[PDB]
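Next up: just one chain, as structure tokens, the form solved without the named molecule.
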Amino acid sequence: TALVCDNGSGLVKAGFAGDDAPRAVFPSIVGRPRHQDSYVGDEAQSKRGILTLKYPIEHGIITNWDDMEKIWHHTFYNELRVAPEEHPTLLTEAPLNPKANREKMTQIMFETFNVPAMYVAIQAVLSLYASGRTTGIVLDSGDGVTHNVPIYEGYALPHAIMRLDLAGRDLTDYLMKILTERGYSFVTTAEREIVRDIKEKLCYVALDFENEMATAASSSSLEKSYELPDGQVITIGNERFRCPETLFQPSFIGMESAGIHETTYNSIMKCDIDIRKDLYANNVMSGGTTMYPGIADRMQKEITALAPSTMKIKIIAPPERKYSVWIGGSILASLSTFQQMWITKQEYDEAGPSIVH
């Protein structure tokens, strides 16, 4: 059985190729003693009072390799309960991942974990595959980074990839700030977990932000309430949609960047004029931060406004899209026709880490 590990900024998704969903989903966090050994994931969070917690992946890119090794170790031995030397392992990477980073991942998998075979695929490409397509443009938005990735005949078009370092954690941070200003202090890690929950449960993307603001200003009809751990009930109205509006208006958190509708359109415009029609008709949303109710309808509206008036526009937002990258990997790695595409330990021992390219 092959393994699929999809390492994100916020969450690890791991499991077995052929399965419908990752068996293990846990925070991409490593904790080491504050005062001198390590813990990963939920247990690191539980023992946070005695540990320094770190995220080895920053906006989709591995930046702490020693801690990343702990993530992988924990994934194999504690979460999946397998011996990595017994299983071909498919890993994922961010769009525009540096060549040296892909080489380091490869070296670690073979030399440290002794996997018999491995493969590294681009996250957004796997999401496209999970939707049954080989041509389309993916918007992948997680906890740490958002990318637009146009793909033609199975391959990403790297020149046309767009990146926004604005994603779920920034949205949680903004909601924390908003609620703190209203007099409900959310600052600590325990408090961040509460606000992340409020965000996931109550936030949504307005179809027309101005109209929605007017509605919230003139009626209680958009209000929702939420009981905090201390027993206070907080009610939110316009916070529900102001928070994810930041994706379309990055200026809400002081960023001068284009919003996700603009990055989508700009990405399509970088592509060959002769494939744009196919991209417009095959916009696939991937990742946890695309889960907001209303986001597909809003994107449809915004892309329609930017594109030629005769252009057929379609946004595809699969219900399973928290796990689309992982599912794409599960499909690819279990595919009878992919079995000759693995990099084997033998090939690695002959040629070294650069074989991965």
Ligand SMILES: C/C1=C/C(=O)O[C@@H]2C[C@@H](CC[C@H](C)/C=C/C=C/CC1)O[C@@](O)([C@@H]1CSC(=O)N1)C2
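Throughout, rigid core stands for the largest set of C-alpha atoms superposing within 1.5 Å between the two forms. Positions refer to the first chain, counted from 1. First, how it differs from the form solved in complex with the named molecule.
- The only C-alpha among 235, 221, 251, 232 that moves by 2 Å or more between these two forms, given a superposition on the rigid core, is that of 232.
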Given for the second form:
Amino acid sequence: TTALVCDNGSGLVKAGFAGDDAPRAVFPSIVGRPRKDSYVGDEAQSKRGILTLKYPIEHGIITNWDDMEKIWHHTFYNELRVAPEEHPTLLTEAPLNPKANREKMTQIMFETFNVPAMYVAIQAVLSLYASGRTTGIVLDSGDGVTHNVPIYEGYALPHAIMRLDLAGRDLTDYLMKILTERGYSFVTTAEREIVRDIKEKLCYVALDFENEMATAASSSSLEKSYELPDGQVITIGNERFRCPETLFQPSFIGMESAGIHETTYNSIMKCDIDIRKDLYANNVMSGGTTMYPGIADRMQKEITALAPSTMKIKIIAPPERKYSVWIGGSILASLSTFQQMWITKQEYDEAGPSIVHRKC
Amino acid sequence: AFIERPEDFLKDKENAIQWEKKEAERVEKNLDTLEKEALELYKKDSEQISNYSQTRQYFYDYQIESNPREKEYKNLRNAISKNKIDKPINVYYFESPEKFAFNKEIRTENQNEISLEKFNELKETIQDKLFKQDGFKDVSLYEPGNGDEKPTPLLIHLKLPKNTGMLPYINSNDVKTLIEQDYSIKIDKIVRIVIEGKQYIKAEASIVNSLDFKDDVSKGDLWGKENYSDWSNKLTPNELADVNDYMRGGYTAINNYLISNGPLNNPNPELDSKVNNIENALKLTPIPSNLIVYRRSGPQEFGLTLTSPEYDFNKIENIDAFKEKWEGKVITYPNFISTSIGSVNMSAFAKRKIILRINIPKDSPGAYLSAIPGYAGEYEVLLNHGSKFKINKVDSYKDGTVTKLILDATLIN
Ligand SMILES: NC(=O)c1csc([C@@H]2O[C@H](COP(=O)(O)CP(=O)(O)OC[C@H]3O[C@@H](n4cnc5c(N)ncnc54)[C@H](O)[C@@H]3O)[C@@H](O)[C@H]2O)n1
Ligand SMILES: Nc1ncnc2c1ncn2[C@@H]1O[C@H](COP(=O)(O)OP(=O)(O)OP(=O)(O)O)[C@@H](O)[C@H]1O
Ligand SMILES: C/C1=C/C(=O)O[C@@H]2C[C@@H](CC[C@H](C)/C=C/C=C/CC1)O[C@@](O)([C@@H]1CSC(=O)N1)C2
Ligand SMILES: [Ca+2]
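The form solved in complex with the named molecule, contrasted with the form solved without the named molecule above:
After this comes the whole thing, all chains and molecules, with the earlier chain placed first.
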């Protein structure tokens, strides 16, 4: 019958049916065992006490297949509520996913879940596709990792892919850190989900970080109020933007890597010069962690100031962004001309797991 | 007048000059336009030019090309190798003993006299050390005597290999020799000598060849693949599974377990059994030749934080402090130690301030990890955990406004 799109991130799982315009199933990528023996999704947060939480996906690479399994399993039956056998299945994957994972994704999908067909698309690519393009550079930033992924004509360009271990997860920890340095105290694993919420509600990237600091230090206008689950209220000030700033200045968090604007120019520059023009004018942003008001305009400034003054710079950041890798998945999987592109079980069962190697 | 020069002209200025002019005349006739022009710019401006060629390779590739000074470097490089030597030769130049990591002071300007005391110190600070040598320099072809400039008390007698590039060139009235240093230098023997009734130290040095790709990460990659491609596979059914563990995106677990001692404090056979192989992965095909590699390192590895004030090398006291603490000393790494075959900067560590330049002896524990595909694209060489490195020398260069350190080190093991 109807195809399937399951986007596997390190924090969230985004899952649904091809052709819809938003994932029906969006739930945390955690598996819980205890010291009877297996729990997934929410009814594993619920549980947290009797059990120990593991994140099967780390920095967007799959690190424990046994838990993924549970993950994928829950997904089909407890979440989407269909059967691996009646539906073909599109899956996403991080850039620079090693040949073995891709390979192992196949068997498991075929020889376990037993799906007539499947496909695997790089994440940033789908995300670029959902925005009608097939050449450009994607800043994809999720819960455990961010990537600058330069793409030309549908193909990601591995030599120039830029990777950075710093995402919303880290940006929450730091929010927890400097909020604490302030009066408040955040300690539990279930108190974090609170700051995580503040971050999503209240942070924002400053167009020019210093003027923000000084406006903050010399007046009250920037101060938002938050309302804790029951009763009490916290107040937040320059934290509101010191947090996402990390992205541009990882040093905030003790990292000495380049920031988001610099790794973009860096990635663009490892690319054939003929194509740089198109990268600059097709900078697509995607991922939970790109959702900060102000983020597009800062990238557009920080980038403007690194590139040749004659250069034309365009920073594309749609509101549908947070779930775009999924959307491009659904578009792709629903496309008449794509149907003769799956890897079918007859495709697998016969020729090996080495088939998935689909550089078009 | 020699038909073929000797391998060492020793004290015989007159023949050396007589042969080098003849040679300078020849060789100059083989330079092309860009080459001569290059030479013509060296004479007018050699200090700034040499400086550039010392610390040229540490910037981003695009900062390297976009340098107004790099045009000249490349041209002078070419010129130098245009004429590779005959057969070996011995050259003479003065050093500052600073260069050898002897920060004290042999004996000052007006003394014509050298302390037995200071002398023994020196012998001790440079015995069994390799010291990496980089950048253009002028050298002379005979030992100085009465008449020649003698600017330091330190005189280096160096045996250049059969194939070295060497440029003898006229400048107003004397003959000069230009070379591009590219090797490390062992001092075999230092002796006290006298010249014009004055006392000077004389160091006998020889070149230990190691391969050094510097900024030519391509050259480097070919090499790397040429050795490590059949390794990608050869690595056997249980090390194959284990290998893909540090090279599974996240290393701040596998290192962080080794740093704050996991092994005999916190035993956890879930990673020990990983290690006893991830270690033999590197031990599968050990390094096929003396290889220089570059590690960009962060403040922890040298007992500091990002925020420590003694990490601001824009202030020399902190350098001087850094040197006292580290120069001469040998540091041990509990972690698998993660280096690249090329000196270029990069986004992953754009802002790190300590470059570790490591000579690795032939036959040591490691591997060109960047020989797997997919994984591919940063020219990585992995060095086996529990490695110890000898820091022979600390240098420094400005990178933008930020001052960084280049640590010349040898892996002992
Ligand atoms: N650093 C390089 O020159 C280099 C070349 S390739 C490369 C790659 O980039 C990624 C980043 O690697 P990395 O530099 O984080 C490896 P590493 O994990 O060694 O460094 C991580 C952090 O911990 C600190 N640290 C590291 N080793 C020690 C130690 N022995 N004692 C105390 N503190 C320590 C460092 O200063 C740094 O802040 C890796 O995937 C690696 O493969 N890095
Ligand atoms: N408005 C918002 N502002 C900032 N961050 C947000 C916002 N909404 C969600 N996030 C963050 O986005 C992250 C999840 O986004 P996403 O699902 O793209 O990552 P992932 O795919 O789960 O993991 P990764 O992409 O790193 O593999 C979480 O850290 C979450 O807090
Ligand atoms: C449906 C939903 C998703 C969500 O909010 O995002 C996710 C949820 C979370 C899993 C933790 C527990 C089980 C789930 C709590 C969910 C509450 C309802 C909201 O993994 C994050 O916490 C990561 C880790 S730390 C951080 O900063 N991000 C972001
Ligand atoms: Ca993701």
